[PDB]
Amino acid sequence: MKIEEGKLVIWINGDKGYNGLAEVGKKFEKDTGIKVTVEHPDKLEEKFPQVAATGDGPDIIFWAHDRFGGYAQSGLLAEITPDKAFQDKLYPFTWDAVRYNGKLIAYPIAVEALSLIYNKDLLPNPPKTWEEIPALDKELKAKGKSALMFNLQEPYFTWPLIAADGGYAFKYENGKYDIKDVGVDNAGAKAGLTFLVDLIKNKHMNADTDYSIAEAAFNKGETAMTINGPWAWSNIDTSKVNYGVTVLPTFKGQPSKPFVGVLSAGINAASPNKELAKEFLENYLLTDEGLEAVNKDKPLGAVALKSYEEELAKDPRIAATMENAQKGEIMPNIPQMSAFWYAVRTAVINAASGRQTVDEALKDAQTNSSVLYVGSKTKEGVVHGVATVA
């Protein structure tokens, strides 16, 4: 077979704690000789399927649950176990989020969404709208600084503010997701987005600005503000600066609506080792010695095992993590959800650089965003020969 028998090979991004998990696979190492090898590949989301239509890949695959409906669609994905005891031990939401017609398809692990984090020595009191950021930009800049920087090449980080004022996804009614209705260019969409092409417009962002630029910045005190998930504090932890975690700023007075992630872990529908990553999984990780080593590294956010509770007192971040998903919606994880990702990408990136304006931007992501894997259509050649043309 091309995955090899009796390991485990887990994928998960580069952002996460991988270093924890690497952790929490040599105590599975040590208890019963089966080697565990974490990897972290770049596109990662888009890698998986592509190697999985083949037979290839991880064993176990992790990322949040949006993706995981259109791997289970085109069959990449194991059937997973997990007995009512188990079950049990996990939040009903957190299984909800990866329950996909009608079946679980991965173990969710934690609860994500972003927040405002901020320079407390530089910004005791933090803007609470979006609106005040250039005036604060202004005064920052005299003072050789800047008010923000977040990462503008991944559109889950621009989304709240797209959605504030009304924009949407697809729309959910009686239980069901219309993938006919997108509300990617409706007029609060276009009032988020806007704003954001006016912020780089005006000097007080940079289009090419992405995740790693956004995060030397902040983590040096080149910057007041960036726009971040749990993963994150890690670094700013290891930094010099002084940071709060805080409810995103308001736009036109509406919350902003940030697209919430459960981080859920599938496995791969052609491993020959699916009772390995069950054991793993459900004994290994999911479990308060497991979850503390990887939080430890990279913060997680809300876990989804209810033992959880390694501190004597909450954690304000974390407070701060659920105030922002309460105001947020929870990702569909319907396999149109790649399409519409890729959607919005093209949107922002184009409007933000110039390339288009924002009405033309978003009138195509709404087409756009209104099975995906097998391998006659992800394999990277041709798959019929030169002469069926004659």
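Numbering follows the first chain given and starts at 1. What changes on going to the form deposited in another entry:
- Two rigid parts rotate against each other between the two forms, and the hinge linking them lies at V111 among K298, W130, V197, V111.
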Second form
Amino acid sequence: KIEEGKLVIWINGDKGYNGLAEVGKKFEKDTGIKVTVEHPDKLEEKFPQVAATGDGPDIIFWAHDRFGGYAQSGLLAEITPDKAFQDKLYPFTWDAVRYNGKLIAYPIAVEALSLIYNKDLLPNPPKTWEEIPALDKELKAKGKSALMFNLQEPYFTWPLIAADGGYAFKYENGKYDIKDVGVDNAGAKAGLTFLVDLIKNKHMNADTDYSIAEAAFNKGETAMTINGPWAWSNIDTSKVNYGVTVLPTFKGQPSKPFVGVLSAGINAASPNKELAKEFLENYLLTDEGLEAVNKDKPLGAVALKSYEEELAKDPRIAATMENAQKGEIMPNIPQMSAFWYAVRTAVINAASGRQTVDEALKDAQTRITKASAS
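So the form deposited in one PDB entry is up there; where is the form deposited in another entry?
Just this one chain is shown here; partners and other molecules are left out.
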């Protein structure tokens, strides 16, 4: 039994929870309803268990991809904002928070990989992936290198693999086609072939991970890297004169990074649905509300059109938003579990030389398609 007449909120400990509490302090001033914000460890695992028995927070903040699972479990209330409210947010974010064609959470912020470059080594960043090989050669004469990013994890390598027509599952019109996987097709092959060839020509190294890449950029050894908005504060401390821009295109087509939409779901068992609705719609999702959380800890790119336009004055936030809109929404379906391992394996096999790009991606598709069917 969740307690009536108050709001309990769960949000991750790297979000601006102190800002969110101050938004809740304004809510309390106008409603008399006390708002308590918590950030417990592993809240994404805790929630399913506590909510199943009709307990837990009234509102949970997490990335949208997990909310597809919660909704299927029957843990999230179906939300009902009107057409006028839905106009305030970017239309593609509403697609992220849809289980069985129904809205199940309020989009808050947007997160995607962007191209980060050193201004002192590279004044003008390249628009294409094909430009890198030539650029690395003139940087190697000065001791430096062009591009270093996390090759081990498919999240970081996917943008290039997805550019020419690679995809996880075919997103037709709301419904994800579970039997239509696109890691085998020509678009995926050419993306991974170009990545392998960068290693073959010693422009990158097959066993480059997150730590090695982040250290190389922050020490000014490499001219550019691929990373998200979580990595900016590290570079700020390093005092590397850096820019955040659009990802380079491959074969004329833009990189397609995965998009993570921080969302707010309402617990299906909460007796305070209408209180939560008021807090979320009229208190949090306003310029003033988001400014309170952003000031505590930066949100990056927000879903709110009006506040995003003010944030986009920062070129880094604008770049995040651009790569997100040209990217792919993370599928909120359980079948994504099989995707992550099979694809991660495929790249490691191709980069180290255990398999060729062809068979490595063929086996990866075979593994997802026969696991999604079973």
